[PDB]
Structures are given as structure tokens and as C-alpha cells.
Amino acid sequence: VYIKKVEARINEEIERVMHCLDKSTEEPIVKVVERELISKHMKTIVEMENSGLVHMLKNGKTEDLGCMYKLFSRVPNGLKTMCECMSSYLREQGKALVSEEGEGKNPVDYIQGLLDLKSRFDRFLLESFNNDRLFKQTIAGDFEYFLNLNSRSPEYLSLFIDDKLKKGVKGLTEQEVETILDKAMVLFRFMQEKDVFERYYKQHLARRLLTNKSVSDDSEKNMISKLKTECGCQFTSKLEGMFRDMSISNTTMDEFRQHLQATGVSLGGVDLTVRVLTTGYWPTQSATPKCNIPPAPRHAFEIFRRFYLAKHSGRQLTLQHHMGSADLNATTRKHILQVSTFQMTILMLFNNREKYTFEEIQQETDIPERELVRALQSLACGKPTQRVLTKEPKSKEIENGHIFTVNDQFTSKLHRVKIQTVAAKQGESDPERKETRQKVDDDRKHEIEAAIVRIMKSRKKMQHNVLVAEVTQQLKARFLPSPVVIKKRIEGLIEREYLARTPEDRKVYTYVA
Amino acid sequence: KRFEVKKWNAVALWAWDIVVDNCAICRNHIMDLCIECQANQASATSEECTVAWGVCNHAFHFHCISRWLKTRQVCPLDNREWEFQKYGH
Ligand SMILES: [Zn+2]
Ligand SMILES: [Zn+2]
Ligand SMILES: [Zn+2]
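From first to last, the protein sequence lines are chains F and D. Read in order, the letters of the first sequence are residues 232 to 562, 587 to 768 in the authors' numbering. Counting along the second sequence from 1, when you hit position 31 you're at 50 in the authors' numbering, and nothing is skipped either side.
There may be inaccurate statements among the hints.
[Said to hold, decoys possible] Straight-line distance between alpha carbons at most 27 Å, and here's what the computed BS3-like set of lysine-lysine pairs gives:
hint, chain 1, residue 1, chain 2, residue 2
1, F, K349, F, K301
2, F, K668, D, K89
3, D, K26, F, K397
4, F, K235, F, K395
5, F, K610, D, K25
6, F, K668, F, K689
7, F, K673, D, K25
[What the hints assert, rightly or not] Just a sample of chain F residues kept apart from chain D, beta carbon distances all over 12 Å, derived:
hint, residue
8, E294
9, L302
10, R546
[Unchecked claim] Anything over 12 Å on all C-beta distances counts as not near chain F; from chain D, calculated:
hint, residue
11, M50
12, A78
13, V93
14, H108
Honestly, the hints are just simulated from the structure, not real lab data. For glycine and all other residues, C-beta sits at the position ideal for the given N, C-alpha and C.
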């Protein structure tokens, strides 16, 4: 009611000075009223509530926001006094949202709530502030403030975009998909530490392309275009790298189909789907192990290797198990199972001889450690009533002398039943987080050196801290400057004369190669 | 039999003339450091002297190809201009 009554006072003073008084004196009247009333009460409202700014923001009465916007536009520094309070409220809501307490929260719901609050803030801005520059820059700085927190905010953003890209079940049409993608990239705009974002986005690309295909088949172009328009052509290049690898390996699959129709020797190449990728784009998963191979897959891999060494000489292939899938035709009907290159060896050993245990699969298999235990658990532990590998010693923890059996489980209402125990709820355990953090740290340590050796060859020399400001400004939109790290790393290249940058001879650097 | 494999979908990675066990620029080893490092340590700044991986999928000591970019810039084992994508191993 204060805004309405002060607006009525302003209007009545306007007509009073226009009729009874001289209209030439309009200036000092605005002066006194406006100045005293609004400036003194600016403090009292920044200080109050009871249906005040911080209360109307959470209630959502947009008319009051528009009224106070059109009122405080005349008083000087009023826009600042409201920007500071709305930024305080937004920072409170942010630190309440980005809170790390309550482990096990759904990240897609977290980013959904973040998008909802930023959308309501932006709509209140466009309807009340009329796309004002000051409010826009204040909310931009606010977003840049608390989004840097969490060692997992870009990771959660990547998980959200992966959940949204894997299948468009929610919002089958394209319009809402486009809007949600625009809102997602807008939210990403006010985010720092893009290196971990790109790393996790590439990991999600590898996870979504090395699995069942036909996810969207069209949204990849939109994604790469938004990446080109948002971050720029620097990682989108590796992105094209990956996609090219993909389509080229599809052509290679048709080529190998032709070359297999060329021989047909053993009953091991019935139905083969081999993918050829490069290490320059696709990194090692954990260790690239060397486990055994079932006999028909043995013959298939032998045929493929012979072909790749005969007609594609100049390069040799490496065998691994931590990637891919398969379709295990079981057999009252013939239900085909699914194994993701992990249970093939154990099931083959069971086919050769049943009634095995942990010792049998750890002695005559040359099996690794982590992934072995992982697949064992995926097959006998934490299973719903679709168990394909049962045991007599029913227990949570894994023993040694436990016999394995098989159950029918007719609950599968089809012939293609898959066991998708992998890609469960996003846990992000400590070992994988630590190893990917070390990987991205080494990536940053190599990128800073690449940038310095690419830039300082055509620039001037520094005395103490001159070129470090430039090398940090060039990496301002990438990640934090990390002064201690860059200072420790610039002094390591002094081992040879190339760009000595000696702390003793800082007068003239060697402008040679 | 009780379980018979019908389909398979392995993905086969490939390596060019990386020669796992030797660098084509300095000829030392995939490890054992480089010619511009001599001993494993010998002031290697916390072992920053690592392997560099090109898009052409060849591999050299980071140092040996870096210094090869102050003279040439087209990867000595083919002709491709050569990029700096994957690192380590
Ligand atoms: Zn070398
Ligand atoms: Zn070296
Ligand atoms: Zn090459």
C-alpha cells in the first residue's frame, strides 16, 4: 500500500503544481518529495519485509515488482538498492539449492529446480524490469558467484543433458526440447570450469554412442551447433572427431560385412558388429585388460584381426573387454539374453562345465580385480526376480566357495530380455572422481603450457608478473587462473635454453626456437 | 549347448606406427625418458616429461614432438599436420 499511496501523492502533486501553483517550479517539487521520501524509505524497505521485496519474490506478485520498478526509476541509486537485495535473496536460494547435504539427491531434479528458479527470475525480470541491463548483469554475476561452488556442478549439468539427450520421452515434440536446451545452455553460460564440463560431456558421448544406437539421430547436430555457438571452436573440434569416428566405423561395419561374406570358414562369425575407433579421441576406460574370449568370439576376433592385418596393414589391434555388448541366445522357449562383454567369459566357462565358484573363475581365467568383482555382483547380487545366475549361499557379501546355478524366470514377456545392471543411479564414487580430477588437472597443466608456447613466441617478454596476466586473461573463460600452479609450472621449462625465462636473467628472453 | 552366442559387438581400437617401446623422434623408449631428459629423474620437474598422442594416433615424448614443432610441424611418420588431442597413454 505504500507504493500505491506514494504514487497517488506523486500524481496529486503533479496536478497541484500544474494548476494552483506555477508549472515552472515542477523541478524542485520533484526534488524535495522524491529525494526525501524515496531515499529515506529506500533504507526502511531494504530493511523490512511483511509483503516486502524478499517476500514478493517468493510469493510472485509481479504487479508489485513492476510498480516498484516504475517508481524507483526516478530516485537515484534506487535500482542499486533493489539489485543488492534481490541478489542477496538469489544467493540465499542458490546456496540453499547447491547444498551438498542429503547425499543421494536426484541430479536431474536438482538442475530442473535450478532451471525453474532461473526461469522465474528471468520472467520476472522481463515483465517488471523490461530487460534492464543493470538487473541482467547483477543476476549474471550472481549466477557466476555460487555456480563455481561444488566440485560437481558441471558434472551434474552433463548428467542432466545426458538424461535429456538419451531419449525425448518427456516432450515428444521439438519446441519444448528446443526451449529446454536453450535454457540449459543459458544456465551453462553463467558457469566456470568448462574443462571438467567438456570432459564429462565427452564421457557421456562415449557412453551414449558405444551403447544401443538410435537414441535421437538428429539432436546431435543441434548439440554440436549450440556448442559451436556457446563455447567456440576449441573442443567442438574433438567433438567432430568423435562423431566422425562413429559414422566411419559404421561404414567399416558394412565393409567388414562384405569381407566376412568373402570367406565364412568357422561358425563363429554368425552375426558380428565390430567398431573401429582411435585412441586419439577415445581414452582407455580403466586398464584395457586381457581376459579370455569364448570360442565363437575367439574365431570372430581372429577373422577380424586377420582381415585388418591383411587388407589394412600398417596398424595392429588391441583386445579389451571393458566395452560393448552381446546377445546370448538361451533356451519352454528360446529367450535371448544380453551380456555387456563382462559376463561372456563366466557364462562360457559355465557352458563348458557348470558348478563353478570364485576360485574356478579366478584361477583358469586370468581375470582382473575391480571389474571381475563388479560383474560377479551385477549377476548374483542385488538382482530382482529375473535372476539368470543364482547361488546356494544367499548372502550380500561375496564369498569364495559358492556354487553358481541358473533359474528359468519366465517373467520375461519377450524373447529379448537384457540385464541392465550397469549405468545405475549416479553415485560418482571417490576413486573415479579422484582419477578424473587428476586427469583434468594434467589436462590443464598441459593446456597452459601449450597456450604459453603458442602465444609468447609472438609477444614481448615479462620481468616479474607481466605475461602471467595475459596468460590468465586468455584462460579466463576456461577455468580458474591457479596462480601457484602456473608459477610453479612456468619455472620448470628452464631446464634447457628454449624460452629459458630465467628468474636471474628476466631482462631478455630468448626469442628463438 | 545351453547358452549360444548369436551377436557380438566388440569395439576394436587401433594404433598406427606408435611402436609401443620406442619414440620415432629421439629413439629411446615408450618410457626411459627422452634424449632431452637423459635419466628418469635428472630434474624432470615431478615427471612432467610425458607421452604425446596425435590425431594420426602416433605417439612420441611430449618434449620430442614439442621441439619438432619449433622446426617442422607436419608429423614425421605420414604427412598430416598433426594435432594435440589425447595425452599420457
Ligand atoms: Zn622421444
Ligand atoms: Zn624430456
Ligand atoms: Zn602421424
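Practice task
Starting from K668/F, check that the Cα of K89/D is at most 27 Å away, please.
Solution key: Given pair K668/F, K89/D is violated - Cα atoms ~65 Å apart, limit 27 Å.
Problem - Non-interface claim for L302/F, where every Cβ of chain D lies beyond 12 Å - result: holds, 57 Å
Problem - Closest CB of chain F to the CB of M50/D still more than 12 Å away - result: Non-interface label on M50/D holds, nearest chain F Cβ at 16 Å vs cutoff 12 Å.
Handout entry: Whether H108/D stays farther than 12 Å from all C-beta atoms of chain F, as the label says
Key = violated, 7 Å
Handout entry: Straight-line alpha-carbon gap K26/D to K397/F, limit 27 Å
Key = holds, 23 Å
Problem - Hinted pair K349/F and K301/F, Cα distance within 27 Å - result: holds, 23 Å
Practice task
Take the C-alpha atoms of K235/F and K395/F, compute the straight-line distance between them, and say whether it is at most 27 Å.
Solution key: Status violated; Cα separation ~45 Å.
Handout entry: Proposed proximity, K25/D with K673/F (alpha carbon, max 27 Å)
Key = Given pair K673/F, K25/D holds - Cα atoms ~14 Å apart, limit 27 Å.
Problem - Minimum Cβ distance from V93/D to chain F greater than 12 Å, as the annotation requires - result: Correct as stated: the minimum Cβ-Cβ distance to chain F is 16 Å, above 12 Å.
Exercise for the section: Classify the label on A78/D as holds or violated, using whether its beta-carbon is more than 12 Å from each beta-carbon of chain F. Expected result: Label violated. Min Cβ-Cβ 9 Å, cutoff 12 Å.
Problem - Status of the stated non-contact between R546/F and chain D (beta carbon gap over 12 Å) - result: Violated, because the least Cβ-Cβ distance between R546/F and chain D comes to about 5 Å, which does not exceed 12 Å.
Exercise for the section: Take a quick look at whether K610/F and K25/D sit within 27 Å of each other, Cα to Cα. Expected result: Holds, at about 24 Å.
The structure fails hints 2, 4, 6, 10, 12 and 14 (numbered hints given earlier, in ascending order).
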